[PDB]
Every structure is written in structure tokens, then in C-alpha cells.
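What you see is the complex with one protein chain gone and the rest in place.
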Amino acid sequence: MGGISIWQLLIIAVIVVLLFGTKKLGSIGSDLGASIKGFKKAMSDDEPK
Amino acid sequence: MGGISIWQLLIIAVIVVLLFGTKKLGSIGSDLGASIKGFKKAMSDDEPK
Amino acid sequence: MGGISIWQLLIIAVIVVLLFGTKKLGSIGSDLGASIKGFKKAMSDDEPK
Amino acid sequence: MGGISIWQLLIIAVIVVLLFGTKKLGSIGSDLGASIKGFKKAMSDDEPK
Amino acid sequence: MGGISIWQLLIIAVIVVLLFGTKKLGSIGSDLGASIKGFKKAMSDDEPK
Amino acid sequence: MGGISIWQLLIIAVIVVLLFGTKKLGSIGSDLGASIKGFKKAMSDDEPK
Amino acid sequence: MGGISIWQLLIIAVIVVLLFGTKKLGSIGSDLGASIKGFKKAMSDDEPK
Amino acid sequence: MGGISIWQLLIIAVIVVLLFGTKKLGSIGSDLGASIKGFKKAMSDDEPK
Partner (left out) sequence: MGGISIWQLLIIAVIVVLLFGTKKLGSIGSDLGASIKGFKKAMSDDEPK
């Protein structure tokens, strides 16, 4: 029947990390993760009036 | 079924992004996405906030 | 059966585009698409837009 | 059981075209297609003008 | 049992080590293993000031 | 996958032709086909002449 | 079907040896095998070698 | 039946010939085939007719 295997994602993800490396992926993720920081903050101010 | 797998597109798309890179693909998409901006605008003129 | 796959064309087409690139393929297609312009015109002398 | 697949020719033909390219294959085919032009011409008897 | 193979990780891990090498991976691991040293120490110091 | 397949020769032959090319293979074959010309001639005396 | 294949290790080991070579692997092994020499000696104090 | 893989040798042999080429392999074989010439001669010294 249909394959649809999660293991396929692990091998693919590994290749992506190796080609982009892990150190570089850190700056890219954190750089693009700036928007996430805002969502988290809005859904949890805890500080302002 | 196995005949039609969406996963095949994920792996192919990944290769395309790696070969064309992500930064370069940004300028290419935005450059070619100029026409889209017009469609969005036109379908938004006849509808104010 | 399990030998005729439409997906086979997608992967092959992708390779062709990458090897020939997309920008270069533009000039080649438009250059060779000159004959098509004539067919369209002949099958349509007038045009509302 | 499998054995003779027409699709096998499509993939092989694609490789041949890519390795030899399409522009180069044009001159080679037309250059070697000179003999064909003669056959067509000679058999022009059974073809009203 | 068919899919889901632990062995898949061994082959993948080997590739990662070869591409990143073993000597280089040493400095990277030890460099990033600095945080681990703190966890081990805290869970061993058991003596606040 | 597969066994005792004639198709294996087609793919291999294609590779040989591409690596050696077709134009070069022409001179090599004709150059080495000189002995064949003699066999054909001898088996075609038709008369003492 | 059997993922657990001993033969997989032979092919992988061969690649490692070729990439690292055999002469270089000699110095690396002997250099890192210094600790082993001590284990052997300690477990054989009552037996000079 | 089976249990053997002769075709495997044909593909491997082809690769060897392509990597070493055919012209170069000629000099190498003839150069190393000098010993064979002696065996043939000795096993023909007794009497060629």
C-alpha cells in the first residue's frame, strides 16, 4: 500500500542540516525566529500594566 | 497506493531550494512576485477596511 | 500496472530546468515561441483585449 | 513480471539529449538528415503538388 | 521488521562523521559540551554558598 | 532488482557510445572494420576474376 | 528482507579505510592504541613482553 | 535457477576498460603478454606440425 514513512523525513532533514550546516542554521533560525518571539510575548505579556 | 506520493514533492522541492539556495530564491520570488502584488491590490480596491 | 508514472516526468522536467536554468529557458522558449504567436494571431484576427 | 518498458526509452532519450544538448543535436540531425531530404524528394512522384 | 530500522542511523551517522571528520567533530563537541559540564557539576556540587 | 535482462545491454551500450561519442566511434569501427571487408570480399568471389 | 546486515559494515569499513587510507590509519591507530598497551601490561604484570 | 551473477562482470569489465581506455590497455596487455608468448612457443617447440 502507500508508504508515507516518517523515516524519510529524518534522512532528508539530516541532509538539509549537513548542507546548511548546524552553526549557520542557528543564525538563520534565530534571525527568522524573531517573529515567533513576538507571538510568545503577546500570548503572555506578564510585566506591563 | 504508492503510485502518487506527495512526499516525492518535498524531497524534490528541497533539492531545488538547495541548488538555487534560499537567499537567491528570495530575490527571484519577490522580483517575480511583483505581478501578484497587483492582483492583491486590484482585488482590494473595491473593499475598504 | 506500475510502470507508467506521471511523477517520473515531474522529476525529469525539474532536472531539465535546473541544467538549462530558468532564466536561459525563458529566452529560448520565447525565441522559439515566435511561431506560436503567429498561429494565435491567424486563429484570431481581432481581440477584445 | 516486467521486462520491456517503453518508459525506459524516455529516460534514456532524455539523458542522450542532455549530454549532447538540444542545439548541438539540431545541427547533427539536420546534417545527417540530408539523405532523408533526397528520399522524400524522389518519392515526390506519389504526392500531388 | 521491514521499515523502521535502527541500522539506518548507523549508516547516516557514519556519513556525518566522515563529512565532518572525527578530529574536527572533537573540537565542535567539546566546544558545545561546555554547557553539559555545568549540568554535571551542579548535579554533583550539592553545596550552595 | 531484476535479473538476466537484455535491457541491461542497451543502457550499457548507450553509456559506451556517449563516453566514446558517435563520431569518434565511426573512425574506430571503420578503421578496425578493415578486416571484415576482406572476409566479405573473399566470401564473394563470384568468379576467379 | 533484513536490515541487520554484517556485509553492510564491510563495505562501510572499506570506504573509511580508503578515505583515511591505510598508512595514515596506522599512525592514528598506534597513536591512539597507546592506552591499550597499558591495559595489556597491567593485566600481565607477572609476565614481561 | 541462478546463484551467480555473470552480467555483473560485464558491467564491471566495461568500467575498467573505460577508465583505463582501450588504446592504453593494448600496450599494457601486450607488454605484460610477453610471458604468454614464451609459454605458447615452448608448448610448440617440440613440433609445430
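A, B, C, D, E, F, G and H are the chain letters, set down in written order, and residue numbers restart from 1 in every chain.
Note that a residue touches a chain if its C-beta (ideal position, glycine included) is under 8 Å from a C-beta of that chain, and two chains touch if they have at least 3 such contacts.
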Candidate in contact with the missing chain, chosen from H:16, H:34 or H:43: H:16
Residue in contact with the excluded chain [from G:4, G:18 or G:43]: G:18
Residues of chain G (touch criterion as defined above) contacting the omitted chain: 7, 10-11, 14, 18
Interface residues of chain H (partner: the chain not displayed): 4-5, 8, 12, 15-16, 19
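Just so we're on the same page, only the chains that are shown with their structure count from here on.
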Chain D and chain E, separation of their C-alpha mean positions in angstrom: 58
Interchain centroid distance [CA atoms averaged], chain C/chain F, Å: 39
Residues of chain C touching at least two other chains: 5
